[PDB]
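One chain follows as structure tokens, the form deposited in one PDB entry.
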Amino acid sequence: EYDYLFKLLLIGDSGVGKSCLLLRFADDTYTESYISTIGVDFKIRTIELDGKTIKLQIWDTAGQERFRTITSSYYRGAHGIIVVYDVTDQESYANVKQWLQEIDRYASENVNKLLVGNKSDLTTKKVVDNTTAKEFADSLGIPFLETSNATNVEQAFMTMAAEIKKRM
């Protein structure tokens, strides 16, 4: 049982390295026949803050790359939204910018968000200026994180969980 359950939405195309952000989450454990054949699109973990037990449940929602119109599936029903672009890929940044502009338009101010610039591999070429992404992030008033180093990803989740807890 938990004091809180915080729902996180992980938004990102294929090939931007979303797996990288999910290493401190685990799959739930099933006997259910139908689930055991296919799996699920969310992962879980438990943390403790201020004496309170909090489940974090993160959805990397199956099929999301196919439906990129911004609907209430993207802007409602999550405590936190994590949007991931690939630093080696200008069109990736351009798409996420757009998605986040639209999410900003329709979401509650009460939803925590995070822009993540990921770079999966040591050896591809960087092309997205972090000043520009940071300038964009500041404009919507949301944190920005550049990731490769697993450490700062954990800090980001922890800060987001802390901020969600203050508003709930």
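Here, rigid core means the biggest group of C-alpha atoms that superpose within 1.5 Å across both forms. Positions refer to the first chain, counted from 1. First, how it differs from the form deposited in another entry.
Once the cores line up, the CA of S120 ends up 2 angstroms or more apart between the two forms. Positional change of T132 between the two forms stays under 2 Å at the C-alpha, relative to the superposed core. Once the rigid core is used as the reference frame, the Cα position of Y93 differs between the two forms by less than 2 Å.
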Second form
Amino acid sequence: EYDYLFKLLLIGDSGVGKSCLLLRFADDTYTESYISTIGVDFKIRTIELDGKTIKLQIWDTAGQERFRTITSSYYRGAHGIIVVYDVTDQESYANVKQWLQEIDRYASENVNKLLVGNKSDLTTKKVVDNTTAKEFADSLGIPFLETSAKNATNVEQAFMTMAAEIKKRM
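And the form deposited in another entry, for comparison with the form deposited in one PDB entry?
Below: the lone chain, stripped of partners and molecules.
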């Protein structure tokens, strides 16, 4: 029986791997194919944390600009928002500031945030230095993790740490 029900949103630029992060966490599957999300997709996953059962309702948003006014509708309900960039794509990291701005515009004032640098397995094509991204996230008091949906690395931890932080402030 459920102790908490948290709503999470994944946002960030098209092609950074939001959908693959959710597929990995919710279905333990992965695809190398690129099929952009139309609007917002939804999955649930129940986790156990600190002896508590937490149901997570997770919305995976389209990163493409033409969906953006619609995706904004889901921001208010979120307890936690995960902002994803691709560690091989500098512009996706540069657009983190824009995404943080969407959060300020549309989200609840007390929303928890996490910055994720995805595709950490692409070690030879990495252009966003993790010390840079970590200094950035520190400067904002936002937690930071690098993930690989492909190799499963830190995927469970990203969702688990987000839940932990939500649970602490209630």
